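Letter by letter, the chains look like this.
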Amino acid sequence: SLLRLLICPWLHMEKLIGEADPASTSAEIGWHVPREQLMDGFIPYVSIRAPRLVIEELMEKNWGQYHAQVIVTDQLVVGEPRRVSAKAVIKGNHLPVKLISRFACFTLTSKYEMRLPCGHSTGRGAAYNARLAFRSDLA
Amino acid sequence: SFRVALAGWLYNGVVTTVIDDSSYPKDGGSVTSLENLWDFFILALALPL
Amino acid sequence: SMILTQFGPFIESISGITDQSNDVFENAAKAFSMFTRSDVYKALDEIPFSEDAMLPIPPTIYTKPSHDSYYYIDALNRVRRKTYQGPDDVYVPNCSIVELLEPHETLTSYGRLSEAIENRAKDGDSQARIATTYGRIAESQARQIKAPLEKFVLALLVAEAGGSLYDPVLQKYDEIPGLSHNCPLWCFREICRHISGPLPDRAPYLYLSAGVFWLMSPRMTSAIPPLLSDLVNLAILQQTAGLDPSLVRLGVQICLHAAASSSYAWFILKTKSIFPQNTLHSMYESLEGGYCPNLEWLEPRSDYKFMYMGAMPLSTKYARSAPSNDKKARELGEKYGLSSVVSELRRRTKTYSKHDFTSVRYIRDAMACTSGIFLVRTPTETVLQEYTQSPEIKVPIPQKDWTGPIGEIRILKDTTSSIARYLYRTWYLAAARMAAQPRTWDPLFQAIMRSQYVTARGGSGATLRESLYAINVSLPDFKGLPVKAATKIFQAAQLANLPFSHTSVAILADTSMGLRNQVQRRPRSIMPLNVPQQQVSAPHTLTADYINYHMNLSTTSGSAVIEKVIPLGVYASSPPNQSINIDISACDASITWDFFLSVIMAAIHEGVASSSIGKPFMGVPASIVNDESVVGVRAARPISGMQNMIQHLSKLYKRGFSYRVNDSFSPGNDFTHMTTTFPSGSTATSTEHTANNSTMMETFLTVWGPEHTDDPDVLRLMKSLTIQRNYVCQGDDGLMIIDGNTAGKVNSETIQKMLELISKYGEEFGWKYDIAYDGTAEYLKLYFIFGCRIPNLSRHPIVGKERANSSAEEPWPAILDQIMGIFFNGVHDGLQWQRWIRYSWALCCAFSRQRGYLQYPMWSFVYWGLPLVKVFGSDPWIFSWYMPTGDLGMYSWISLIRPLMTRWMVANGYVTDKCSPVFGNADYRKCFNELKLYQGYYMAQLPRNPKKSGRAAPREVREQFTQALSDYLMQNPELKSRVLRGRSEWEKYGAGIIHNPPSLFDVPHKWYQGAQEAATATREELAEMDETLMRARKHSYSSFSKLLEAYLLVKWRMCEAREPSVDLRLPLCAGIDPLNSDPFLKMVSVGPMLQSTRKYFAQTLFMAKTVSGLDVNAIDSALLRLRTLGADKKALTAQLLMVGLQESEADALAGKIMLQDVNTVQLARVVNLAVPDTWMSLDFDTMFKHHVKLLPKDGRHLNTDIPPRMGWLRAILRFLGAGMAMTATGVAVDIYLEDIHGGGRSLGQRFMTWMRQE
RNA sequence: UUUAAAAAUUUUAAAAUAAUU
RNA sequence: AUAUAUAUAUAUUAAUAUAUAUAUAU
RNA sequence: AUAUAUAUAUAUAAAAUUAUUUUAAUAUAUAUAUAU
Ligand SMILES: O=c1ccn([C@@H]2O[C@H](COP(=O)(O)OP(=O)(O)OP(=O)(O)O)[C@@H](O)[C@H]2O)c(=O)[nH]1
Ligand SMILES: [Mg+2]
Ligand SMILES: [Mg+2]
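Residue numbers (UniProt numbering), protein chains in the order written: chain A, 590 to 628, 637 to 736; chain B, 590 to 638; chain C, 3 to 853, 861 to 1263.
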């Protein structure tokens, strides 16, 4: 009953977006912190994959009325992309599935972490009161 | 209880098996009472063994 | 000196020396108002305390560490307390408070939290959050009173300035030591001194509406507010209750040790059982004599009928035989340093060897010395300590005793070897018999059960809304409505036109949180379930109700406590008999899916199946589900609505509940928490708890006991007990009576062994019985020893008022209700009558004036119930408090003085040439206006709450709201057809006799208003009330009410003292002894209550049930107006139809109305004469029946004659006799009718015109 | 030949006070 | 001059937290 | 990216047993009687 949900929706979407453009059919929706407070980097928290016409529709949804306290650290991870671990605690309400409609294939798990590909220096960590924000390319 | 009553048939001379005191109706009972009727039924079926 | 020079006249007035008057009253109230706190503590300085009040105070109370080390932060960003000893230390700590405050702008010695800390915490800092949480929680702990302590202390000084009192019964001045032996006052003054020091301001903090301002002194801590509240309570109790000064010292010592420890509430919580454990639970290790009541319980025990049969003398054989309470008590006393106090109590208790008034007074005094504070802690600590408890199930139901699934449910195999089979059988039979009744299948019962839970109180409508939103379903919002937002009325209006398959997703939604503190117990917790979750839990509560009322039938719920529950303890504690006290610790957390809810849901799902095969329940469809209960077969089987609901409710109970915590005392805590604890907000809660309690006890005694014990004694004890003749339970707690056989008290070792068997029984399936067998009764917080009720004075704190939030208090005149409640609580506890009355006089002035002023005359307080002292030049202390409240009480106290009352009037000027039948020639109409009697009498009758006016919402949205609400009420075609046919028949026949005949269409128009007034009042309404009170005070009045006028035509005659109704040597209530003369005489000459005499003319024409939205008044007035005028029966039937009744049922009610001629309902509706509160403990029924005689003493008179067709008048006559007899001090006497001015027929015609005019 | 018994019903729906689970 | 009741007539419906927009400064 | 003032809106606190007290004009006008 669970593995069917885990596997089946992706195989169907692979027929629809098997050959389209990855830039046009993609998205990612995480916790945003402004360019200041470096004393922009967002923790992913989800990775959508869907056709272009639905990415256009998801681009305009609110996505901003969801808050959480993100606590960035300075620890490094052995993985290839230079990224620093983090944390997050949602406040108030949890993201209902209705926003990510029945037409997109999202992921059910995710680690909290931020990548630092600019001026490599990890300073002191902090908490920032992040806000959810949709993040796709031009598309 | 069943198996030990069955096994006590052949040690009649050293041990005698009886029905427990607490199986009989309360205060002698009375046949105006359903529970005492069923207690009597259980005793009547169990005694011959 | 100061208080004397201020208000010597008031001291003389309330102390029974000088006649009372309004001028001294209002002048004293002026003195109370124009008066400062520095004046208070200077007056305290004037008191030359003796050495008796002296005591060594620990110096550690003042120097305390900082709050930072007591807190930390969770991995979930939650600021929570760091326990240092045990998982209980989660209360407010004892720390400094000065380094977190900023100076107030006006009062430079007081201040609140610095705004810098609050803003830095709101930004998200760690230390700022911790400091602001500590500050807010300390403020909340200091805000748990009902008024500033200095005001209560001033009232105490006022009352005690008069000195001792003279007893009109004992003929002597009582020996109660003055203030110079009151060590609580001494400790209060010394603490305030040592904290203030050189500073001129004397109050260590000033209680205000918004928040408390701390006195900025380095000698300050957070333990001082509760300590001061304790000391004030102890001082007031010692002065108005006659506690001896040898135990108040021990109480003050324990309070000091509490204030000198790590945290105060935690110490008081660990040390809450040193006085009861060493006095009440250890009395009478050696008897020598004394009397105890001889009650006999009548034979159909289940109905709770008693009979007092005299006092039997005690003997040596009835000495205490329960197990000893020595080692554990000394262990507790040693673990906390309170060993000297424990040894003193344990020694002083062993000197009482006679059941006497003095020993019960000893117990009362020893138990009034425990602190009565409302314990307080952060909400995130309550939710994280209470809701983490889980059942400890040591013998689970085997997995091979469950059939396959039927939807969300599995069934117990009939061949199970567990003990759950008897539970399953009980709930199955209950469900079957409930569903078999034809009453549960009409639309009226469906609608009543629907509307049972649609109230104006919150139901967490938010999470309902945002959970329905998650499946793309809309909901009306009704923008612009003055109605409250978080109310179940609002949810119900939203959820009118919605199919069940849509709203069923909101059954798994989470719940909000509620909080509430108590005396001597951890802060309560609450959860309100929404409308869908309350709907789907109908079969559970219905089956629980059927079990409680028909099958098991061992409970006191739904019965009057003071007529059935008090003498239960009186019987179960009398010496030949014994009592075991059984309680279930953590009852909510012990009811989960793995033992109770699974079995209960399978039972209720199977029992209902027979008589509900295709029908819908309260708006629920007839869904289908496939079953696998039979091996090898798998088939989809239809089910019912009442089974569909059990399916949804089971899928809710399986996962547990998720609580959304968001406390306003710690910034940054709005987490969500998920538990398995059964909720305490469901409709089905309090009934299913008692059902499970009774069921498990009966299965205990019938099955588990005899199968695990071998000695003949315990077997014979468990066979002679049944839950219906030897057990009484209500919800969590319980009581087990053990009758005494002919050989005397039942043996003790056998009872103990049975107790440990019960303790072992609880652990198999989760419960943890807290059993107490020591020779005293315990039920619903009522204590009994040898048949003598013992009031617990620590549970009724005089100054304590609870505030689980930060909201401000209701403005004056909202506090007079609480003051009257304080007086009544003192009344029900048997305090020294003269002292308590005088203190209440002194206290009802200080809360009488406040800002263009508006003052209450004392006559209003006399109207509310407070009894006079010395009015009109009479003798001091003639009136008791048993005088009722209102017109009856006024008539009562007037008629006893009327002759002197008029000769005084004539002796000071007031004279006229008009022979009034009541007051003769004196002109009462001018003097009572002058003396401000009419003013108080008519100002007391005015409400003191802002009547919430409609804010004139828009017509469109209001119409839509009321329409959707009505659609929710009348959902099925049958109710609508009934009401529409009723309206048609009314317009055919009843058109003209009534203009707005009530139906089921005016219910929404009452729910809408009930949503209105749940909001906050506005300044317009406050100013309106102030101006209305001023107006009603500034008139000129000409007479009393018409009812009191008609009353005053009747005279009486006090002839003979009735014979005693109880022995004068038998203690029946501790504190009511010969020292307490008036209550003792009333109790011994009237006798206690052991009868049932409810409803003295509560007759009405409407004898059926309808929705809670409707009112009995409208339907009753309509039926009365339609029966007096004599219309056709079709009109009555049309009214009863459109009020939502069946045809045959409505017509049976019409026949009922046609019987029982309407001369009684009219009087019952015109007059409001009831039995006052204070008479509930006495035997007023026989006083009405036999000892108020309407045939006067020397025969007929031609005036007291009553016409044959006016029988209702005898009722009012018996009223007036009983009230006039109970008002006077001394013993109750035979009162005879004396004379009716006018005549019997004339007075009857006077009442009859009023009855007719309806 | 005149008098008189009169109905003791409910579970009374909501709002305030107090007690309890 | 004021108020009460009697018949009728008339009008009439009754604390903490968060989000959004304006403005000023950086 | 932020701070302050303003205006608007929103969310949060339950069920049961017991006893007591209150819940048929909203207002005015004419004719009637009465009291101050
Ligand atoms: O704050 C609650 C207190 C309890 N009552 C109701 O009383 C029932 C039992 O109440 P509790 O479950 O709170 O008593 P308890 O276990 O704390 O007893 P101890 O361990 O202290 O000995 C629950 O079903 C609840 O609904 C609530 O209405 N208010
Ligand atoms: Mg408890
Ligand atoms: Mg409890």
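Hints may be right or wrong, so weigh each one.
Listed next, the in silico DSS-like pairs over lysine-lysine satisfying Cα-Cα at most 25 Å (straight line) [stated by the list, open to error]: (1) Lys1161(C) - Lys1139(C); (2) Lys755(C) - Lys329(C); (3) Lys653(C) - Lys695(A); (4) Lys684(A) - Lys124(C); (5) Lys615(B) - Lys329(C); (6) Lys997(C) - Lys1138(C); (7) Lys84(C) - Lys684(A); (8) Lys329(C) - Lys272(C).
Incomplete in silico selection of chain C near chain B, CB under 10 Å [stated by the list, open to error]: (9) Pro708; (10) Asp712; (11) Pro714; (12) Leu719; (13) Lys1202; (14) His1206.
Pulled from the structure, derived: some chain A residues nowhere near chain C, Cβ distances all over 12 Å [to be verified]: (15) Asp610; (16) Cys715; (17) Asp734.
Hint data in this document are derived by calculation from the structure and do not stem from the laboratory. All C-beta atoms, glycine included, are put in the ideal place defined by N, C-alpha and C.
- Message: Flag every earlier hint the structure violates by its number, smallest first.
- Response: Result: hints 5, 12, 13 and 14 break, sorted rising.
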